[PDB]
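Asker: The residues making up each chain are set out below.
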Amino acid sequence: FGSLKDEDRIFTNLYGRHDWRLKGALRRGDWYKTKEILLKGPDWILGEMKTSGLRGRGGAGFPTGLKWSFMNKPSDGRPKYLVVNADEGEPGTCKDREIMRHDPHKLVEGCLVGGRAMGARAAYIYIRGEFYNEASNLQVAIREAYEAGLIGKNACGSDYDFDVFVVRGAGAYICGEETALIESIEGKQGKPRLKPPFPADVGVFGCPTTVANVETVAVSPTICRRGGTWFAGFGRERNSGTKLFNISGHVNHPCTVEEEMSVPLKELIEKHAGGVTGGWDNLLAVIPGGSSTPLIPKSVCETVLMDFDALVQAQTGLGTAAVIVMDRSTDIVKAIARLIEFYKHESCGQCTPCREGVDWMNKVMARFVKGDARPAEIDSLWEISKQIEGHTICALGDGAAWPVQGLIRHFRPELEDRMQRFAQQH
Amino acid sequence: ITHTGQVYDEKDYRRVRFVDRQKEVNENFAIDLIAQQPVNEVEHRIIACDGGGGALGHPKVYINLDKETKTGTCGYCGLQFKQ
Amino acid sequence: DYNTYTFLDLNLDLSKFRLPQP
Amino acid sequence: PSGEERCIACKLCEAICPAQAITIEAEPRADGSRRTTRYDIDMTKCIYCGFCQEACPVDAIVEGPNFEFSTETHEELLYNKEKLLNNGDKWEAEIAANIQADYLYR
Amino acid sequence: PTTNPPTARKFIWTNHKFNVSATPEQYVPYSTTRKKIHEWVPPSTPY
Amino acid sequence: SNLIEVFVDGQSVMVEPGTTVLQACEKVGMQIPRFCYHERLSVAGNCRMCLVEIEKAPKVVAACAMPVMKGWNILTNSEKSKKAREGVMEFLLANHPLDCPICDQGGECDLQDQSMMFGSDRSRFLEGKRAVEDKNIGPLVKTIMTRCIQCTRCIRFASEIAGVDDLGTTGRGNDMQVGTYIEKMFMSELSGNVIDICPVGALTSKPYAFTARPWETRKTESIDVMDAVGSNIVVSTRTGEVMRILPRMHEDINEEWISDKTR
Amino acid sequence: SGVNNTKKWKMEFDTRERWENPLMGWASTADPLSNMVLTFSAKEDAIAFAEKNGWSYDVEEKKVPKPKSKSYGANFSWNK
Amino acid sequence: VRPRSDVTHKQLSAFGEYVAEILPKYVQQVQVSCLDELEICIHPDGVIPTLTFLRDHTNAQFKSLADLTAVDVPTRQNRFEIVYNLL
Amino acid sequence: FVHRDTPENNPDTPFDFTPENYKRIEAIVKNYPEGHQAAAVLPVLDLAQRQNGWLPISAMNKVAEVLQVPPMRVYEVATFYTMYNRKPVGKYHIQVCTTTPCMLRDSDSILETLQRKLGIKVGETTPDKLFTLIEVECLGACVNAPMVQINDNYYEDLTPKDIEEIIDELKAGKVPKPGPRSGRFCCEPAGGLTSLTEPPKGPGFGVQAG
Ligand SMILES: Cc1cc2nc3c(=O)[nH]c(=O)nc-3n(C[C@H](O)[C@H](O)[C@H](O)COP(=O)(O)O)c2cc1C
Ligand code: SF4
Ligand code: SF4
Ligand code: SF4
Ligand code: FES
Ligand code: FES
Ligand SMILES: [Zn+2]
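Residue numbers (PDB author numbering), protein chains in the order written: chain F, 32 to 457; chain R, 31 to 113; chain s, 39 to 60; chain I, 107 to 212; chain q, 98 to 144; chain G, 29 to 291; chain Q, 89 to 168; chain C, 46 to 132; chain E, 38 to 247.
Everything labelled a hint here was simulated from the structure, so no lab data went into it. Careful, some of the hints might be misleading.
Said to hold, decoys possible - Cβ pair distances, simulated, as ranges:
id, chain 1, residue 1, chain 2, residue 2, range
1, G, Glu269, I, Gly156, 28 to 36 Å
2, F, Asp410, I, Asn172, 24 to 32 Å
3, F, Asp410, Q, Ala136, 39 to 47 Å
4, Q, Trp114, I, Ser176, 49 to 57 Å
5, Q, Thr117, I, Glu174, 32 to 40 Å
6, F, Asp410, G, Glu269, 34 to 42 Å
7, C, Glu82, F, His457, 55 to 63 Å
8, G, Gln59, I, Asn172, 49 to 57 Å
To be verified - With a straight-line cut-off of 25 Å between C-alpha atoms, the simulated PhoX-like cross-links for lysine-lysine are:
id, chain 1, residue 1, chain 2, residue 2
9, R, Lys41, q, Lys132
10, Q, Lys151, G, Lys55
11, G, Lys157, R, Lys97
12, F, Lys417, G, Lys110
Cβ coordinates follow ideal geometry from the N, Cα and C atoms, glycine included.
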């Protein structure tokens with residue numbers, strides 16, 4: 032439904048307004064039951080995650096509990112590890128920039144709460160290098176915490192020993208990928224690996240590893256504190272909890288606000304954030320989960336709401352839940368065209384289908400904006416799109432195909448007219 | 031003599047073949063004729079040499095004129111292009 | 039306001055806290 | 107037109123000749139270009155199928171219009187690169203007109 | 098040819114010849130490839 | 029023991045646990061079209077030209093890199109696994125420079141044939157192609173690298189079979205060029221093998237640049253005499269003079285490789 | 089990397105003189121059985137052809153690539 | 046892709062069985078190609094008998110011999126494969 | 038992506054970490070597991086850039102030695118990621134975000150403003166080498182859509198004029214109040230908090246027993 036209470040919200044420091052430093056955090060009481068929780072043991076913590084129903088919170092929303100659980104298997108003499116990706120690259124995502132900058136601590140105890148759940152020896156946080164200032168904030172926060180003894184040996188009074196590190200990203204969206212974050216951490220080129228050697232099995236430095244969206248790590252301590260039920264109650268069925276929503280582009284007050292997941296879309300922009308610029312009638316389309324997810328046109332939108340189950344019914348992905356809105360004042364053919372330009376300037380090129388395919392769609396898309404290309408080419412790009420969708424080594428090729436598929440699926444008449452417009456003036 | 035320096039030695043007997051006959055050779059040698067054509071100063075990093083005449087020419091190929099020092103040469107025409 | 043070495047130098051300061059290596 | 111012989115010694119004219127007539131051996135010319143050191147069409151072996159005309163990518167080897175090349179001696183009929191290149195220079199104007207007329211069809 | 102003159106390409110002949118077969122100008126076939134197995138020439142200096 | 033039974037199109041082959049999907053097809057006798065996978069080189073998964081369709085599975089799997097699992101049926105020739113090849117070959121060819129009558133790996137191309145056998149008959153890439161500046165990697169290997177399908181077998185061999193660790197990928201996107209960042213020649217023995225191992229004719233042999241074309245070469249199997257390892261080799265002779273000596277596989281002596289001296 | 093030409097056994101006669109031709113430089117051969125390579129499906133059948141036709145034979149055992157263990161995980165080994 | 050009628054692949058198939066049944070002493074294999082062509086295979090001793098039945102049987106009159114040929118599979122013990130095509 | 042040795046950009050340019058920098062490099066190595074120094078390539082390479090913006094081929098070579106990694110590896114990392122300059126770069130090095138979110142909120146205007154403000158075209162740098170204009174991709178901070186990253190700072194939610202003001206500040210003086218120069222605090226609802234209006238909660242609240 033929606034309308035989460037501020038009291039039941041998780042990052043009270045969102046929008047700042049409270050010292051992102053420890054003191055403000057102590058008034059927040061973020062480090063309240065940390066020793067106790069870890070004392071409970073890895074299993075109990077992971078269990079709470081399952082009860083929570085917390086899905087990914089990052090890109091694909093895999094059940095968090097089960098995922099983390101995959102490394103709750105006995106150590107084989109290799110130190111297990113925690114990797115917390117804070118790349119936050121998906122266009123439209125400033126979701127994570129908040130927790131890191133505004134509430135660094137929540138993530139610090141998220142790390143150790145999560146750490147004992149997987150029995151990780153240590154956690155490395157890969158904040159995108161672009162955010163240099165952001166990094167300045169977290170290690171100040173990390174430094175505070177150890178000074179306190181909250182982390183490190185004798186973590187918060189626990190025999191558990193966990194060390195948290197921050198790693199510099201270098202302006203790559205793909206670094207974000209789970210197998211590629213690792214390789215950047217490993218120091219090689221940021222190129223994803225194949226899934227058959229799964230991340231838990233082969234870890235960073237060949238030591239079991241797990242990767243979580245920073246939001247996913249951050250909520251785990253509060254969910255254990257509030258209990259899985261409290262959390263699981265807010266969401267709809269499988270889709271559960273309240274996910275932060277970042278609305279950017281063609282909305283009166285673009286902002287990131289956390290609301291009950293499964294909140295109706297027509298409502299999200301209506302209640303928080305602000306009204307669609309030019310009236311709700313001025314809504315050509317919206318991309319619910321960021322650039323990777325397909326945009327949904329206005330008639331479908333209010334009907335549907337923001338939860339992953341509802342969106343997959345709608346053929347779109349909740350993803351990072353970044354709402355980008357396009358008024359009737361925008362050349363979508365060019366809007367999506369720059370996202371394909373966003374992906375040609377960024378895919379690693381390791382795999383044949385993404386390398387040439389994304390460049391091929393970029394060339395066709397640029398011609399489509401001009402209208403130089405003939406109408407028959409439009410379904411040609413359909414077929415190029417699915418060749419890339421199922422054949423890619425990672426998901427980015429998955430992601431490049433979806434916006435192209437959305438433009439053809441709902442805005443096929445407009446592209447034909449741009450086709451027609453150029454043919455007429457000759 | 032010929033394009034490839036094919037010159038029967040002073041003692042070879044195939045020279046008997048040329049006795050009382052003309053050893054056919056062509057004055058117009060390609061190695062030289064291509065040189066005359068000047069380097070085309072294109073203003074795009076990659077240009078294409080369709081071979082001149084499209085279907086009546088050679089398979090289309092794109093040349094990278096990025097190397098500032100050297101000039102791109104179509105593996106087909108031999109035509110050279112520089113940026 | 040932060041300096042170009044804030045991240046690195048701060049980290050070095052944290053080295054002492056950093057738990058022993060693997 | 108510049109004056110560079112069209113053949114680039116891909117040697118598939120040799121591959122598709124039905125009679126084994128064309129013999130080609132090549133080496134990189136000093137310019138660095140690919141060219142044929144020896145191109146020998148044995149016309150007595152050739153059965154004038156016209157596939158070589160078909161096969162060439164640069165269309166360097168063409169079936170020229172002249173049919174009157176009867177020769178007193180058998181050796182004259184064997185043709186090396188210099189005779190064919192000379193044959194090409196002599197009939198280039200008509201060959202160009204003929205290819206001009208029929209290329210749309212091909 | 099008068100009405101639509103042909104294309105001139107600065108290699109094409111200006112004097113075209115008839116059958117030169119009985120006349121000395123005739124093609125005499127020859128291999129145009131250079132030597133393949135060069136040989137060790139004996140040292141001219143007496144050992 | 030240690031013998032899973034996997035079905036390749038219902039042939040119930042049995043393989044040691046660990047065998048890849050491509051390997052399972054090999055023992056039945058089927059051959060997954062493959063680029064970037066060499067038996068004695070690490071699996072990389074770069075090309076994704078080997079996508080096959082295990083039965084009852086949503087997506088197609090990477091043959092060369094997927095540990096086979098019990099029960100799986102490979103469906104190598106499934107309508108799907110043919111679209112998964114008819115559509116990859118579309119991409120490799122799209123940025124490819126068509127100078128096949130320059131590429132002396134004319135008949136020795138694992139990309140035309142895998143295109144003539146497993147790919148489509150036409151093209152839809154009405155857009156423009158790319159071009160990559162060539163490199164003088166050495167005096168033996170001619171790298172006309174605008175041909176490269178970024179299959180990373182060179183970077184592997186140059187690191188795994190030979191310990192050169194010089195060749196590497198540089199950049200991202202469609203201008204990832206696999207050439208030495210600074211122009212340092214690839215000087216090492218075992219160097220010429222890159223020619224034989226690059227299925228594309230991007231980098232090929234400079235001495236044997238354009239002297240021949242493979243269908244003509246008569247191939248006689250003989251023994252290396254330059255060194256005492258006695259590596260097996262095939263001497264390719266045309267009209268009676270040797271044109272090339274390339275390795276032929278001997279498990280024990282030279283397993284598909286030969287020295288820079290003896291070729 | 090295709091292996092479809094390493095399947096059937098072939099028996100090939102010994103190579104003989106290939107002298108250069110004086111007039112055109114074409115290769116010339118005096119051995120009739122040179123270009124003949126017969127293809128036989130199995131080693132036993134090929135040996136039979138040599139015996140009844142009276143040609144001497146020296147069979148070479150097929151050498152097939154030995155199984156090689158590969159797994160993408162290895163390349164990311166803690167210590168290789 | 047060529048048009049194929051299965052009427053023939055059925056008619057010819059049946060006939061094959063008919064011939065086989067009538068001449069079981071010699072017919073070893075009887076197949077119909079995907080090209081709708083029947084190819085009874087007979088032991089060499091059945092040359093006279095199988096042909097005669099086809100030349101003079103009301104339900105199978107095969108009056109003219111289109112061709113007699115012999116492929117040579119050197120691998121095959123019996124080198125030649127005499128093939129008789131009848132109409 | 039090819040380093041054709043040039044007198045300026047080639048190893049004749051000697052590179053060596055200042056004594057202090059080497060100390061920093063050591064800590065960086067400590068974070069990673071022992072026996073895995075190679076993992077510190079990115080961090081160390083960055084430090085080199087901090088030392089010298091150009092990050093010349095010589096620098097790349099030094100990084101390799103310091104981390105005992107093959108030289109090529111350093112090259113791959115440098116030529117793969119984008120935050121590494123691999124050339125000389127302007128003192129200010131402004132980067133303008135032009136992904137669809139920003140563009141939808143009129144990013145193009147900002148770029149145009151800069152082009153003439155700077156007098157230099159994108160992909161190019163000012164004569165004084167004070168400012169280098171680059172059309173970079175999503176830099177995060179999308180909510181404050183109109184946004185650009187001058188050097189390390191993130192100036193956000195900027196209207197064309199604002200930048201001119203900022204650029205002037207950069208041109209004369211320093212530290213031009215880096216951050217969103219609009220009333221909105223960070224990424225809050227511009228008009229008014231749609232939530233988080235009430236005071237934050239307290240320790241132990243609604244906590245399940247233990
Ligand atoms: C191209 C690409 C970019 C990605 N970028 C991010 C990112 O910036 N942040 C993130 O949390 N996950 C990102 N992901 C998803 C991660 O690979 C991984 O699935 C996710 O971080 C797992 O976290 P979760 O378990 O919390 O969902 C990306 C995936 C792909 C294919
Ligand atoms: S003639 Fe045409 S085909 Fe024969 S080689 Fe020269 S170019 Fe290739
Ligand atoms: S590699 Fe050489 S041969 Fe194989 S396709 Fe590309 S060009 Fe033609
Ligand atoms: S060079 Fe040959 S091997 Fe190295 S990548 Fe390009 S293609 Fe694959
Ligand atoms: S062979 Fe399967 S990935 Fe290239
Ligand atoms: S697109 Fe400019 S901030 Fe993400
Ligand atoms: Zn040309």
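Asker: If a hint holds in the structure, say so; if it does not, say that too.
Answerer: Hints, verified against the model:
no.	hint	result
1	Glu269(G) x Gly156(I): 28 to 36 Å	holds, 32 Å
2	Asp410(F) x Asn172(I): 24 to 32 Å	violated, 51 Å
3	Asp410(F) x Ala136(Q): 39 to 47 Å	violated, 60 Å
4	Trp114(Q) x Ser176(I): 49 to 57 Å	violated, 23 Å
5	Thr117(Q) x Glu174(I): 32 to 40 Å	holds, 35 Å
6	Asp410(F) x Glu269(G): 34 to 42 Å	violated, 55 Å
7	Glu82(C) x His457(F): 55 to 63 Å	holds, 57 Å
8	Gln59(G) x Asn172(I): 49 to 57 Å	holds, 50 Å
9	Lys41(R) x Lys132(q)	holds, 14 Å
10	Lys151(Q) x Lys55(G)	holds, 15 Å
11	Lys157(G) x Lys97(R)	holds, 18 Å
12	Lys417(F) x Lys110(G)	holds, 14 Å
Hint compliance for this structure: hints 2, 3, 4, 6 are broken, all remaining hints hold.
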